[PDB]
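Student: What follows is the residue order along each chain.
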Amino acid sequence: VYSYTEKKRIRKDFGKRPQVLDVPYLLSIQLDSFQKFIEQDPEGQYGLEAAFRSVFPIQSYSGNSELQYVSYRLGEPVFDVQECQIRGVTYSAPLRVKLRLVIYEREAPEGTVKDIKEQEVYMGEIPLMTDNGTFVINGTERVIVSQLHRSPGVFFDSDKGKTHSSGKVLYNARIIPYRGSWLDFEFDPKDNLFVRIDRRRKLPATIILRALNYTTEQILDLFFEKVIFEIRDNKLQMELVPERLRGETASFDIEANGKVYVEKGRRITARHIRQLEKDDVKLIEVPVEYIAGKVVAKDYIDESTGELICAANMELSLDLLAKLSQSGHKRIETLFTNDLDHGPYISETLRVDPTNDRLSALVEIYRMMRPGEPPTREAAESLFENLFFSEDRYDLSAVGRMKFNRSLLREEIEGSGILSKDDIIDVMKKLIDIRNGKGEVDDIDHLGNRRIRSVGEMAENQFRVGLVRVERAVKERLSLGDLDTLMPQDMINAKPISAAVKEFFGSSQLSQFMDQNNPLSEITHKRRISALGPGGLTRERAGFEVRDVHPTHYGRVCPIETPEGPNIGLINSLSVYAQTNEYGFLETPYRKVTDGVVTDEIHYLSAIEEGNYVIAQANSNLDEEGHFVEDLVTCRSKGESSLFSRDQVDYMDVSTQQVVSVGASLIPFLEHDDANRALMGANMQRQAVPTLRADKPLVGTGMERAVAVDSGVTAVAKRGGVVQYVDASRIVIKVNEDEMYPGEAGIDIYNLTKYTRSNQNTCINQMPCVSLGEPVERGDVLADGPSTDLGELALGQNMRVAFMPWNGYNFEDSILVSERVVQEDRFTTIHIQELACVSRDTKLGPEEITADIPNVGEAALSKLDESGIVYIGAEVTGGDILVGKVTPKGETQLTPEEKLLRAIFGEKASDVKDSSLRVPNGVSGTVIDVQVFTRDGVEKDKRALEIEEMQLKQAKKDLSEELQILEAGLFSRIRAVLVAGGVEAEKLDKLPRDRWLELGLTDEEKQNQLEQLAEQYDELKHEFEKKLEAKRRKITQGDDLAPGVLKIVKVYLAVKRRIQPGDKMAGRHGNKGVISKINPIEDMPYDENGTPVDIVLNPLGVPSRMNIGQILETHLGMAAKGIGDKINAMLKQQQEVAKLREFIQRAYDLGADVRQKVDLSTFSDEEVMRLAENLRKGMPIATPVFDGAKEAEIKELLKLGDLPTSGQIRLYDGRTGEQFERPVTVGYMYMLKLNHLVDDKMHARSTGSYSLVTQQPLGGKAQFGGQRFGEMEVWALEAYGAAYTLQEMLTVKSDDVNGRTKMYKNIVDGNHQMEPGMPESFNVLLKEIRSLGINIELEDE
Amino acid sequence: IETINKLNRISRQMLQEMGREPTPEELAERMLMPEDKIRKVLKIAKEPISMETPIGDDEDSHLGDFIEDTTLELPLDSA
Amino acid sequence: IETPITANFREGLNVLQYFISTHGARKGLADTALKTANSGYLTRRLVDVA
RNA sequence: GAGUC
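Going line by line, the protein sequences match chains C, F and D.
First residue of the first sequence: 2, per the entry's author numbering; consecutive thereafter.
First residue of the second sequence: 457, per the entry's author numbering; consecutive thereafter.
First residue of the third sequence: 755, per the entry's author numbering; consecutive thereafter.
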């Protein structure tokens, strides 16, 4: 029960559990976010829509003219994908927006009856996303990475110890907006509440509320709980609630109702408290002492004179009590500060707070922000309000609001951007809470506390910035000029829009060169997630906490995919099935468990939601699609793990692989590999290079099919049907009549991309997979990318590896390889490098492109064309000239000697310099294609014309045959409708084609569809004639490059780079190595059978590195080839189809608890023999990550391969013929050659270009530079007594010009004498000291 | 200076009217002078660039670490 | 952590157990980046005295 | 961006 591609290559799944729901299209994140940016949805406030409504409608100063926004339109892209690649253009669509100018009258009230002007203006070109999910940035493929940051809202942070000898507890709530300055509230050492405003410094929280016009009285009212203190006669009575005595030492005889309650001294315990609570107490009998020490709530004015006896927040005292009762204010209202629950926090605060009213509050605000600027009323107010309450300046976004409201335990999900005043108060409440112990602290690193930015929200923000600057300009020009005759189009500027865009896309560090080493690198790299960037974490700002592994990463980020070194912990890969919710929180899918029974229902939960419920692992065993195996089962909840019974089971994992990222999912026996090496493994895969030959990975996870498919470097079938034409360049497919649209013809076209240059110098080669006239369905793999076999990821190739020591050639993970690898051309890398030539003009005169060069042989002349151009297909090496260039020289002032000599040989030589572009040495290969970019101004070269003529021919042929094949399919489709109600085959066909439009038959629904494809035919004409005329002009149009530049030549070089000693290779398990020697076939040990090995790894590389998976791969790998060899023999032996039938089926179904229940027998003989030959080259088996094949099932296969159960065989040493005293481990393993080429990494310098200021050699192989000798290295020489080597390094090898030059020629004169000088860096140094104004001079002896 | 003023202010006009970048020919016509002087002024327009501009995406190179000095001949040359 | 790893590499650990190990793994590797800086600077101090 | 310890 499987499709045609799968029928062709079925891999045997060992996976003991069924993945329920499908592996979601991985690169969906990018598209979905970006698509949101443009989403035409009126209500949905996002992207365009969001930004527009935030600013608009834009009203003028005078209140009579206004600018209104209607709606937007995206044009069809000015420049196509491929074309932009060619010319170095950014791929983009026009944005045009409908805007209306309305003018009210001044005099008539607001009579919009005067003037209404409207139009669609051009607002620039907006970079478009590809079908792949990539972006076209000045002719190179870039990807925008997802960005994690701390989400807007509230962070409740505690400093456990953190700071102090004392070791005091410091609580801080952090206010993080989308857009605006930041707010920090923290506890002083003596428990007093301070604010950091825009983390500037620390001042009293209370002052803010003063600015918000709260008197000290209102402050303490809202915060602290008032207590009614009645004074009658000479007795003082409080209105006491029982649970305020909570653990209160009795200071008096506490007479309530009847008899003595509380001991004079004995503490109130809970029983006492509950007893008096029961009594229902209103007023007790306190003595003289209790009120002295507390504080008064309101501002109690003296009725008698009118003057204040007590202000708010004064310490309570003896005489004041007498005077207030004398005023006849017999309802005083004391405060409650008995530590514990409600402590003296705000009270102490207010005393240290020097500020008084609204007025002095805003003074201090203003002062701290700009110390020394005089207090103008307007400035202070405006500052305060603009800081937190300005809408365009301060925006929390939906995000900030949601998380904020969930921090304080509110109810509304959405809100307005600006901070409502009640919010502020309530949080300070929660701070005071935590200080007492009502609630506890939220963690920085919680996945609910971190939010991710996709594409659209990034876009959103940067678009808003262009808008801001444009707003200054817009509102400015709206008031000066005349209102009537001037129109909207003259108003509007484009510059700053396009500026903002190019800054985001071009300048951003989150926007980078796609990793195109392999499909894996690309696909993985696109879903990588960075903690850095704007609004995000720095290197020094990062301690252990954030970089280390947070439990919430489970099923969301793969824990084991991050670069080694300093960026570790910062950048991580999204796990497989994980996706982002609306809010930009990561969600993971789970299966519902209804009362013990495991349903089919899938629920995505955020981190926050995850914290609540109780979920079983994927590995727990499933009872017959109902309940569980075990009565006590294994699960996790609220961030911890252990045992629970069936009934308590709420949810469950869909599959094991949901914890793992994509790259890691591909490594097979991950279960047996230590994470140290596991991590390394994933990274290695990313650095692997496609060879030419794709050999299907024999030991896969099944995941290789999905990886291929999603990378999108292959061709997939849109419709399915039958293949009409197959070319190694074009695949044309005729659709199933079922699926076919009655709109256009049923003809789907796939032009394949062949042999272009990737960013890393890699080759990009598509191979068609199916054959001609073959059947395919929707979503069939039609053509493969480079590192892909029939459906599957083919990172590389599989070879016979043997674990054992060789004569120290495999020492410390060094690799012994056979000559057979070269012989079979496996791991031969394809490289495509771009070389360039650049012709400008100076004051020195026009540089130009010619074949004429001073003092060169006809050797170079012969390989050049008319204009000085390489011929197509030329084989070229280091030192060879590719493109000729000449540059005007200045005056030739020669030494007298050279003057005479010129005269003597008599070759004057014109005032010109050889500027020609040459092949760099060491590299050499094949010039495959050449492109030229002429200037618009200067006239074209003959080379120029002939190549642009080629473009014409090619354009023509391509589009001509496009039309021709489309036409034939459409006419053939009309033939299917005329053949229904009108049998005529002899005189229709033999008669002309287009005289089938004079066709006037039955007038029912037969005649209508003819016109359907007839009008479509007229559009085939008008579209084509346009699509031609457009692409003719662009070819012929003068190509616009940088100022000063006449002409450019791009030269695409092919490098056939063979694997060699010093090249880098590895397997999936982290284990790697350099090739140390190529041994001839003879030297490698071999079987009794006679087959010798391919590669030899040293065993000692495994144990201490802790990666056993490679071993299991080896064993399973030989077994797979055992199957392949069984098949190979029975294939070569023909025999009977049914016999083959038997063997093969029993092979699949062998695995003890095999899930993948392979249906064979029904298979038609054709399908059978075909598949046979595929698995001829080894069977493809599937161990899923964790859900993998046990040792048992593996040994079982070894028996079926007729091999040793340990996978060891007695081998003969190919040198001696002596047998190895122990049987050794062999088998087939999947290997890869890394991007690291000794070819490029080779470098050495004698003498070359030097640095300008310091006069030392420049850096790197790039400049032909000298290597840097660092402090440590110097120190080496120091330890030995070695003065002369040191001094060499110091002088003749570096900054002494006289010294180095003199010593060079003395060396050439067989002297080898040193003769030291003086470091030029030293003189440099001296003069800089003088320039900074300090006198330093060299003392004579 | 004033000729430069003309340049950039008419740049905006022409970019929007024509659709894209202003090629020298059309610009030449619209500003009332000969093509020669257009290209001249174009290249003269550019200001000096920072010597210590961090071209190293990582503060590996201040562009001074690119600079080669043609003045000083090689020891090879001296030979 | 209270719950340990009962199985071994050869038999293969499970989902749950493997995740545990990343903590130690990552912690160790992260240690390399930032700790060798401390050692290095130390070394340079010592060298500059002696 | 990746290699080395």
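If you're looking for bench data, these hints aren't it; they were derived computationally from the structure.
Any given hint could turn out to be false.
Away from chain F, derived, C-beta distances all over 10 Å, residues of chain C [claimed, not checked]:
1) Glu119
2) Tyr123
3) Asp485
4) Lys496
5) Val598
6) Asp937
7) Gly1039
8) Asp1041
9) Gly1091
10) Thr1092
11) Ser1105
12) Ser1252
13) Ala1277
Per label pair, the in silico range of CB-to-CB distance [unchecked claim]:
14) F/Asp516 - C/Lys1028: 40 to 50 Å
15) C/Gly45 - F/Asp516: 38 to 48 Å
16) C/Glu859 - F/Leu528: 50 to 60 Å
17) F/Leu528 - C/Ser925: 26 to 36 Å
18) F/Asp513 - C/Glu1342: 44 to 54 Å
19) C/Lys1028 - F/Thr479: 18 to 28 Å
In this text, a Cβ means the ideal position worked out from N, Cα and C, and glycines have one as well.
Student: Just want to verify: C/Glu119 was marked as not at the interface with chain F; is every Cβ pair farther apart than 10 Å?
Tutor: 19 Å, holds
Student: Looking at C/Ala1277 again, its CB stays over 10 Å from all of chain F?
Tutor: Correct as stated: the minimum Cβ-Cβ distance to chain F is 24 Å, above 10 Å.
Student: Against chain F, does C/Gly1091 hold up as non-interface, every C-beta pair farther apart than 10 Å?
Tutor: Answer for C/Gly1091: holds, closest chain F Cβ roughly 54 Å.
Student: Does 44 to 54 Å hold as the CB distance between F/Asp513 and C/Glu1342, or does it fail?
Tutor: Holds, since F/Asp513 and C/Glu1342 (Cβ atoms, about 49 Å apart) stay within the stated range.
Student: Checking the smallest CB distance to chain F, is C/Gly1039 really beyond 10 Å?
Tutor: C/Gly1039 is in fact no farther than 10 Å from some Cβ atom of chain F, at 7 Å.
Student: Against chain F, does C/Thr1092 hold up as non-interface, every C-beta pair farther apart than 10 Å?
Tutor: 50 Å, holds
Student: The output says C/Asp1041 does not contact chain F. Does that hold with a beta carbon cutoff of 10 Å?
Tutor: 6 Å, violated
Student: Could you say whether the range 26 to 36 Å given as a hint is met by the Cβ separation of F/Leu528 and C/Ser925?
Tutor: Since the Cβ atoms of F/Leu528 and C/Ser925 sit about 32 Å apart, the hinted range of 26 to 36 Å holds.
Student: So C/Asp937 supposedly isn't at the interface. Is its beta-carbon more than 10 Å from every beta-carbon in chain F?
Tutor: 5 Å, violated
Student: Mind checking the hinted window 38 to 48 Å against the Cβ distance between C/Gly45 and F/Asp516?
Tutor: 45 Å, holds
Student: For C/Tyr123, is the shortest CB-to-CB distance to chain F above 10 Å, so the non-interface label stands?
Tutor: Per Cβ check, C/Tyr123 is inside 10 Å of chain F; nearest 7 Å; violated.
Student: Report holds if the minimum CB distance from C/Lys496 to chain F is greater than 10 Å, and violated otherwise.
Tutor: Violated, because the least Cβ-Cβ distance between C/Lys496 and chain F comes to about 7 Å, which does not exceed 10 Å.
Of the numbered hints stated above, those contradicted by the structure are hints 2, 4, 6, 7, 8, 12 and 16, listed in ascending order.
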